[PDB]
Structures are given as structure tokens and as C-alpha cells.
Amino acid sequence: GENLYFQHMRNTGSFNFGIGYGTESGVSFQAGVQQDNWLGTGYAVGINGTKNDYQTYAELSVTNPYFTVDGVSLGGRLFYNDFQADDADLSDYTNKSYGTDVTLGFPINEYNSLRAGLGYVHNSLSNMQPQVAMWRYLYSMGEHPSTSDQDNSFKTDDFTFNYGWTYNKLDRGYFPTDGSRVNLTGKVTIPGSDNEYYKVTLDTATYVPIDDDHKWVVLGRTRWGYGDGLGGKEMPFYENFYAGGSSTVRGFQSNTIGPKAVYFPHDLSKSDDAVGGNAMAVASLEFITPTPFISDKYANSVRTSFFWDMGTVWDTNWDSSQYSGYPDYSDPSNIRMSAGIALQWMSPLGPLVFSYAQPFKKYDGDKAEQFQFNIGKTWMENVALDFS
């Protein structure tokens, strides 16, 4: 019983810094500060922020992993986000949001967890160059912007119900060899929201070893997105799915896959600026092989692989009749593919990932990116903040 003294009195504080560079994100920073038993409450409370070329994010984060003796966890967040779409290689807009989330998590068993939460978000959109897909969302909301005026304000307040499921039975954290990870993440809007939509994503990764020593391994990944409106409204474009880049279809510039903007005039205009869509599918097959010639002293510090990536995005609400003389961006069948090589290295300066891929199937508008690279590292310094 008396160990409840020392537990309720112990409190650690952690600063964390992070630096990183990627072809997706640009130069990247993380900073964060937290205490894990704040005021002897059991809650871990923290403040942390991130910055990319396209996104700046900040939050207060409250989270108690033993909200019940059984392992049910209660987690919370207050956040500000600024997203600058054109530094994400999409057609331009600015999305400044803030809001809040609270999330019950349940450990079903040692490989499965579930999540239920409620979320509120406010979104502020501005700087929207007028274009067809975007404006069709706007009109579905009752807004009628001018199509010659290169602005807006459009603001929405949404409340959501959010669920998820994660199955994880990978044998190892960094260089997996065996087993699968599944993740599902859904949401739906609840009455009182301005937007009215659902959105659901499924991720799967499955590792299959050929030899007993687990040095040759097939890995198949899939990624699946679908959302839509409920009352005649569309899912808001700011929640679109994207594809292309280091983490989805190598050999493609980030987000370049799928619909492209069709701009009104200041006599409509075709473009190569991606806008994403409300539906998406990605898949990859990867052959993991021992790495030549390094010798098995550095063995599991490095990993090499040959891949076939593929994927597609589409606009289920694109009206191809009305835009007869534009590409049919409702066609799911325009599947992109690439083939390449990949090198991973738990380097002294942290995780490192080198892709070289050729996109052998690519459609009008799609932007190549063969060479893709990702590095980053995190320092964590601790301090005791105890109540003895």
C-alpha cells in the first residue's frame, strides 16, 4: 500500500527538442515541455509545437494512462494550427484552425486498442484562388463567392465524434520482420456543426519473412481513404486525402497525385496544382533483403529494399458531364505506379531514409520526384520535479 506514497509524490519534467529535414516537409522543428504527474494528479501535462515549410502547430496536451485501474486512458488537447497549402504543393489557401479533443482509450488486449472521443474545431480559410472543386464545396455550404475575387474568409465550427482501432503485432519497433499493423480512424460530424460529413481511413502493414533468419521479408502496405457529405453538403476540401511522396507513393512529388485545380479567370484554366480528393487508395509491395557488402556487425543498423508503389485519388463529386472538356477527376482508375530502391539506416544522428524511384505510370499534371530523403533526431532531457 505504501508505494502509493512514492508514486503520488514522483514527478518528472522533460524538455524535448527535435530537428529534421525531409523532401516532403522541408526543414522541421519540434519543441515540447512537460511534467508527467502534474500537481500529483496522475495526469501528464505538456506544451509542444512543430514547424514545417507548410505547417506550424501548437498544443496543450493533458493525458492520464490510468484513468481506471484497468488501463483505460483519458487524453485531451488544445491546439492551434496554421496550414499553408501551397507550400504543401497544393493549389493555394490558408487554413488557420484551433480546437480541442478529448479521447477515451481502451486496451482490449496486449495487441488491440480502441479509441472514442469528441472533438471541436474552428477553421478559418482565406487566400483561396477561385477554382472549381473548391468553389463547389463553398456553394454547397450556402456561400456564393465571386469567382474573379482572389480572396475569402470562410469560417466553420465543427464538433465531431471520433473513433479508432489499432491492431499491432509487429515483432520489432524499428526493423520489423513479421506480423501486421492495422489502423482505422474514423469521424463523423454531430448536430450543431457547420460542416456535415464523415471520414474514415484504413492503414495496414504486413511483414512476411521468407527465411528462418528473417533477413528476407516481403512487406505489403495499404492505405485507404473515403469521406463524404451528409445533407447535400460536401466533405470540406481542407480534409481531403493526398498521395505521392516518401510515405505513400515514392517517386512522386508530395501530394501531386489526383485531381488538379481548374481555375476561374480574373475562359477557365487547366493546371498542374493538386487539390486532393475525398477518396484515395495506395498500396505497396516491398522486398526487404540483406544489405550488401556491410557484414553482420552493422546488420540491423541498416535496411535495404526494392518496391513497387501505387495509388490514386479522386473527387467523387466532380461532375464530368459539365466539365466534358477537362479531365475526368472522378475516375478512380487513374492508378499511379513507381518502382524503386530504399535504404534505411539507424544512423548516429538518428533515423535516415533514402528513396530512389522511377514513376513508370504517371498522368498529365503529375510531378516527378525520384530522389527522396528523410532525416531527424530528438533530444530528451529529464528533471525530477518531486513533491517530497
The other form holds:
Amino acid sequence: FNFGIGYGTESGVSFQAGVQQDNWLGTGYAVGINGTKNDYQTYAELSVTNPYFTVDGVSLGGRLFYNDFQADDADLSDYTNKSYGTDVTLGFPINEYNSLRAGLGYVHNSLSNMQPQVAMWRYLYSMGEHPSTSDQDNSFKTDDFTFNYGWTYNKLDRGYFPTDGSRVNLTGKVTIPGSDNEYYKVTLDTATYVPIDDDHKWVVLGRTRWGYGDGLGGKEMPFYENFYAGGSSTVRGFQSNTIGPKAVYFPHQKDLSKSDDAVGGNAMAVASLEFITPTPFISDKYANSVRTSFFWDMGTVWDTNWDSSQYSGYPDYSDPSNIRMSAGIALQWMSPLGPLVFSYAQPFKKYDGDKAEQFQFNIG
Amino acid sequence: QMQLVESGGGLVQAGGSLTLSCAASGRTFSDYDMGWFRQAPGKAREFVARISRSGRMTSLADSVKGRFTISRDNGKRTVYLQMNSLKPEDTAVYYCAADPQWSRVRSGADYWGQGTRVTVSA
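Return one more block: the form deposited with its partner chain bound, after the form solved without its partner chain shown previously.
To see the whole picture, the full complex is given below, headed by that same chain.
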């Protein structure tokens, strides 16, 4: 039994526990069980993996999982999503720096605790449902089958405190005929470290994250698959997940209610530039283990299906040009309690009731 | 004219469970939102649960939240009521109902079954 605990502004206290065994019983397969829990999510999985599906090193992996997501505890407009499902994945090493993945998946989603609101109800209508704008207690359940694909490039010089190279991760998903939902979703993440000096003590880091998904035919992508932005890992200085569209609630039993409750969206773009330098005023020998950075972060999340014509007087959440921006300082080092990172950032471009969070940290 | 026939009602002990079924005649079952209602002796009929044409959307009365579940099988032209953790207050005749409209089927319907009786003893 391997345990772990962490603490941060993004998810509060995180617990992790798991067991793993390669070459179980001399069969050649690895078997694992692991779980994680934080302020808004409980996740558990069982895994079986053959690292030599072919002699060449193609791996075949299987996953059985359960997940419990509480949207309001993740700083979104409220809902509960209890899910479970399976995945079978083929993994291809291309060379030492590149890997490819292709897999098939099943997922069951059970949605509840949804208050009537424009974007969610719009998705339900696209699914052929006719919920009333005063329905407080509906549940929605779906069974989806997917094709999943991925590509990872990693040529960073080292895992901890990188100074040179790039990492790129592309991940995509599309539903298979027979699913309830019909949609696709693609994500791209990049990070590139460019050292200035031969010593690699001064480094420029550029990061990007892109995301796009949409429904097929008349259907929309499910809102419980939306992208988010804001927080320690995307746009610092903003509360986790606050960036982008906000829920518009229907009157109880009048007019609509604007809120500041983030709902995410089906399109997202985030970029960051930061200047990694030696740490001033520090004692000698601490310097190599303590990394200071000055950053400029920026990001947007938007809703390509927002019908601006129907909601006159409300913000146009389909507009992709409301780019949030912040600047600030970060410090990172290894402590007795594990990896330590914190930042002070000031948002200087905000929109649509985004919530600020200047001081953000993570331990573990 | 579509007919609805409920079955599954019986005598059950408090804490036990039961599954009701409602079978529909004809080939138009998927055209209808479906509902379960119940009527205790001396009282008016009352809403219990409903389910959309597709089977994906459901809702439940407050008195059965967390205990009852509604589902349907459009291939078998059947809607089900799964009743767990039963109490003596659940004793009643249970009726199946069908209506073209989701919002209406919470209070009434175009088509009604003849009911199936459930008795929960303490």
C-alpha cells in the first residue's frame, strides 16, 4: 500500500492510495488498483496491462473505473456526475521521445442536482429532451462508447526543474455509433524551455493549452465534458475554473438571473510566458534547489453555441476575444513535505465576473 | 388504442423491495413519456415518478427520493418501478400512465392502467 497526501488551492486536501504489481504471478501482466480523493472528486480504478502485446513492445492495457464529481465543490454551477466505465488501450512506442495511443472506451454518466439554467437546458434540448424551466429534480443518464487517441512527445532534459526541450500532448475522443451522446473533443498541451545562458540558470518557458469539442448533427457536446480555465495550472491569479461563461438561471416558478457561477465551455485557449531566474537574496547552495519565475499568463474559454440573438442584454459568451491576463511571481523548491510551489499574481484583464485569487499554492 | 397493464404488486415486509412492471400494447410506446402514480385508501391519486420517451430523463416525488427508481425498455414496450426500503406508508394501488408531454405526465395523462396493489406490513 502506497499512500500520498497533498494540499493546494486548486483542490484542497488530496489523498492517494494504491497497489501495483508488475509481472503478476509470472504471467507477464501488471495489475494495479488506485484511488484518489480531493474536495470535489473521488476516483478509483482497477488496471491490467500487458507491456508486450507484441514482441516489439506494443502494450495492451485495460481499465475499470468509478468517478464521483461534485461541480459546486469545483467552483462551478452545481451538478453531481457519478460515472463508471472501462477502457482498452493500445500503446505504441515510436522512438525514445514519441509514443502513440489508440483505444476504445465505455462510460456511463449519471447527472443530478441540476438547477434550471440556459446552457445546460440547451444541451438537453439538443438531445431531444423537453425539460421544463422549473424542473429542479431531474436526473439525466447516458451510455457512451468512444474511440480515443493520443500522442506524446517528450524531450525535456530532466523531469524536475527542466531547463531545455519541449513536451507536447495531444489527446482526442469521438463517440462511436450506438452512444447516447454524439460529439468529439480534442486537447493540445505544449511546453518549451529555451535556456539563455550556457549554465541554464536563466530560462524562458512558453506553455500553451488548446481545447475544442462539438456535437455531431444537431446534438451538442455534453456540458459535463466542458473545458475550464483559471487556477494554479492555467491562468494564475484567477480562482480555479472561473474563466469563461457563467450560468444564467431561469426564474423560480419573471426574468433570467445572471450569476458569477462558472460553467465552462466547449472551446478553450491558454498561453503562458515566464522568465525563470536565479533566486535573489538566497543563501548559497539553496539557489540550485530554489527556482524563481516571473510570468505572464493569459486565457479564454467560450461557448460556440451561445445564441446571442436570444439573450439581448447578456454577455456574448460565444465571443472568443475576451482574453484574460495576469502577471506575477512564482517560487518552487523541494521541502520536507514534498514539492512546493506558490505564486502571487495580479489579474489585470478580467471579464464577466471572473473571480480573483492572488495567492495560490500547492504542496505535494 | 394503447393499453397499459401493470404487474408486480404483492405483499412485502417493511425494509423489503419490489419491482413493478407496466406493459404497453401497440407499437407507439416510444411516443410517450411514462409515469407512475399511486393511491392509498381514502386519498387522492398522487405522482410518484416519470421518465422521458428516450428513457434518459427521470424525476421522482420527494416522498420516494433515494428509494425508488424508474426505467424503461422501449424494445420490450415496458416501464419499470424499482421500489427499495419500503415502509408501511408506501401501501397503495400503483398506476402506470402515458402522455405525449413531459411536463403534463407529472400530474395527469391520456392513458391509464388499471393498477397493481402493494401492501407493506410493519
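Residue numbers count along the first chain shown, from 1. So that the term is clear: the rigid core is the largest set of C-alpha atoms that superpose within 1.5 Å between two forms.
For the residue set 289, 300, 112, 127, core-aligned C-alpha shifts between the two forms reach 2 angstroms or more at a single site, 300. Here residue 195 exhibits a Cα shift of 0.2 Å between the two forms, evaluated on the superposed rigid core. On the core-superposed pair, the CA position of residue 68 changes by 2.1 Å between the two forms.
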